[PDB]
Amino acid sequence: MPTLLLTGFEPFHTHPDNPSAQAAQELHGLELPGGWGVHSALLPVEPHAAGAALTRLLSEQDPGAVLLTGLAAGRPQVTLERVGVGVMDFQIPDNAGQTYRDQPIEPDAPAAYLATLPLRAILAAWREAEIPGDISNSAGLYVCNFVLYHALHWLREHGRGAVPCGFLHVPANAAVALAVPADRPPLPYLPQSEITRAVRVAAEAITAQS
């Protein structure tokens, strides 16, 4: 019965693909040690619909741990977000064409929530699997940071602050790098098999700790 909720995002901006969606799709139903199972879902790149869908998932799936994933095109290695900040500030439109500027996510809620995943255990599991990675201390202020803040806040407000919950940003895959215009700098990337394996290793470390 213990469920790890794994989310990814749909493609956005000029990206034809989203490696976080591909990773979540491949890992859905994965049996992890200790009776744990992965339940995957895809979130839209739009904060209002994504929050609504994530609230339903958190309520209906009642997960023992939450691993939110997303694309960070430009980063060379998988990273774990240390903190979700309660602000929406979009450098590019979301998939509804909307932008927010210095917008508080919630009136009268914390300025931030620290991720509650076992960060150092994941890093060590990654290194053990020969996967380079690190902790990131800003998730941006786009939809990825939004769902990290949204999940941590919902969990805390429903007395489930003990449920380990965090964010895993993944590099571009080959498809994302190949779609970059010729006049722009080339992107660091990883084969999707590498990205999916990093998300799997992280999922396995989370449930082993929990």
Second form
4 protein chains.
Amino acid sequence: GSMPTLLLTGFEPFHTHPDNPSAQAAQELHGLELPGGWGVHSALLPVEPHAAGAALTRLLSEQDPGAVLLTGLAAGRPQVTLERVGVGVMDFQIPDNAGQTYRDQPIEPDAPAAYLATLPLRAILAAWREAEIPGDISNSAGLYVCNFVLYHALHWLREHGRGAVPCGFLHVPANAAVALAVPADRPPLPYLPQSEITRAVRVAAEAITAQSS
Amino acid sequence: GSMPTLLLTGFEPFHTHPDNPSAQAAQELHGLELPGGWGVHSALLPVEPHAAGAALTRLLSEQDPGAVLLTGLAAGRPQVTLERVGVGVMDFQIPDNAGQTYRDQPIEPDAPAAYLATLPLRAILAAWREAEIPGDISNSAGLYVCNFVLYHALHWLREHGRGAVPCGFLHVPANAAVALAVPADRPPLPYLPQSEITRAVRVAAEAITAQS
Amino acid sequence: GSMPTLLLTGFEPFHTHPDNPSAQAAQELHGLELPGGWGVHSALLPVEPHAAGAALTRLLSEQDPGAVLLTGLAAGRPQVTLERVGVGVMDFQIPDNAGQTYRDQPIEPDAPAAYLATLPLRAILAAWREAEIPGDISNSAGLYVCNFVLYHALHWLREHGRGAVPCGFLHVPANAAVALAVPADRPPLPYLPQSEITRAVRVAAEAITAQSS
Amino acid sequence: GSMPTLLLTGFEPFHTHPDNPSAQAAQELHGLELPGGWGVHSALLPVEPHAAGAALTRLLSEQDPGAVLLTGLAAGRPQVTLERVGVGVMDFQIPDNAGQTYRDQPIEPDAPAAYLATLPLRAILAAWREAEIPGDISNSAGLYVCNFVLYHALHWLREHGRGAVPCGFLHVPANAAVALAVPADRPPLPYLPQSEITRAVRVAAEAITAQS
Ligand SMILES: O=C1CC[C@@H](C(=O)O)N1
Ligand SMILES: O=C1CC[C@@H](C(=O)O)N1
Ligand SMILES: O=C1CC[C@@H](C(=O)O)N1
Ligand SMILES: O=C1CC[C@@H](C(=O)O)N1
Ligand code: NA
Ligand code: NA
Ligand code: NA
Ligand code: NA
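Can you give me the structure for the form solved in complex with ligand PCA, which would complement the form deposited without ligand PCA we have just seen?
The complete assembly is shown below, putting the previous chain first.
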């Protein structure tokens, strides 16, 4: 679509969480103009793998993005993290938003066990540090719906001759709304104000598109 | 002075931390006018109990506060917390800023084993929640310098007939500067942006003076 | 009762836990003969403060022990711990076994805010280390029923002219039974086999009675 | 040899740890006779990927095992865990025993991003539970030397037409010796007595050969 597009996704609330900070960040950053003619196109995905995969395939096909930043909540993690690897297995510790679970389930017959993310991981960490944002690389995204869409996107891009499109996953901590809903019988969550989370996603987006030059 | 004063303290950096969010919050809020004629008076304490006690005694005497909010860093905690109890023992897991440690050391011979904080704990929790700030009561402040000054202030106030002056401790998480300095071989810290920490201290101060 | 008695207590199961390792250890060590003519007398307490206090008062009065070792479960702690202080407040994050809760409730009108434990803390830590048992001092026992009985016993002993009787609290990790019952949606617990927990309680008992000489 | 062999490996001490429970477990279980004519063959690998890979290749070739159980220390984890996946990257947060680190380094150019472990994971979990041993599957082995040898063995087996040989990784908690050496300024480690760790490794080995 003429100018380069960064596809930015977040997820809906799920489980006992009343809010999803990845949804809030995607909503706030939609349409952001970045240097070099780049623009952010945001979308929200459902927390259910069949529908999330179908929606993500449509976005990848219709938007033909120059880079892909998938985001989601990791309640309990203290700092933003970049996923190194998407694994081709579905194994759900809690049900998805259709009440569904999967046990040791391969995502795709006759496909790789995993895909490495193709984002410029160290450049993003450096941009975060320069912006005074603590963060790190994670080497497991879980085997729930965030991992599923990471594997799904990397596989689709490779199969469509677009393996050079940088693509990865950014997990964010709880925001205040998520932390406030935790029951009194449970341990408190690390959290970040939503404005810090959104800024972290923005800084990652800016670093990704700066590198594609 | 003639108007009611909330005494607000923070601590200097210590150990491997290059910044102390409690220092930053106290500095930002000094002079804040609160409803009912209350004003915040801030001070920065050293992380060493002899000098901290001497400085805090001078503040309690000279500033004559109507309420006392002592604050400090609790690196590793995810949310602001209010200390329920100050224990009369110094036992240091790391040295203080004079390089000193204490082992099982009573703070004052012949004094109580502990003092309960006299801040309106549930009112502060409720004010935090209304401001969308997660937080809770803590039942141990450690036995390092933050606990020391909590015990010291509660004891001084009671010994001077001022036990009715609400007094307590507010531990804050790491800010970004504290979290960014953690070595690569160590676990990452929960943290909050400084503006969130300062706002939590402000909301607590406002709840304390509203109750008084 | 002629020879010196160490009073050893544990607690019944509570909450979602099917077993209490402090009960198991107290049961196994009842009647143990220790050097110097000392013998262990064990009892189990209910997880409910009114009945636990009444039972503990009867034990302190009827057994007239030379030392008191109160034990209980701290599910989530990795290593045995010795409580430094019992605080005169009841504040329950979960109900007790009568379904009861207390909020910011003073244990006793016109009594101290707290009592320091009078066990030989460093001698116990050293005995544990010599026995290759990791452990440490804890500076909060919580404000649930274990803290309640620690405060209760120290207060009773002081009020009855028996403040010199060494008295304290030993919190133990989950055993295997406790860890196996954790739901799949919850984080795993640190645990120790029951034989390690019982041995830790035994080593503490031996150090306490050795010091009373 | 003529009878089926389960190859069991552990690692030497590394970093600040004076002992490695995986070494102790492998040493105790060497030669264990299991039902069906199976026997355990143990070996101790160095915590350095070049020498560990060379030693493991020699073991896979010379011992010709019917199953492979690689074990190692995961200091901080509370319960035994089975690794689901070995990732083709070396990225070291602490140096190895040669003082070396690797940053984002592919293990082998032109090889898969990962290999899934081929042990009967659910059967092992069920055997642990029947033996009253808490445990679970882990979805990251780290990117240090334990992950390296998991990837190395799965790749070697597949490249030699032996992908059907069940092969995986079992991380164990600290034992008492590891936990006792932690400095006073650091958080305490979950741990298990060595006899509990060794029993967990034994129960896993028995479940693996029962399935084969
Ligand atoms: O935001 C989300 C949606 C699913 C979940 C995950 O990490 O898989 N976090
Ligand atoms: O800010 C501070 C100074 C000392 C330390 C403590 O909690 O004791 N935190
Ligand atoms: O064993 C027990 C009974 C009550 C609980 C506690 O720590 O208070 N642990
Ligand atoms: O026992 C060991 C050797 C290396 C380390 C690891 O998990 O990679 N644990
Ligand atoms: Na005044
Ligand atoms: Na100590
Ligand atoms: Na053979
Ligand atoms: Na790294």
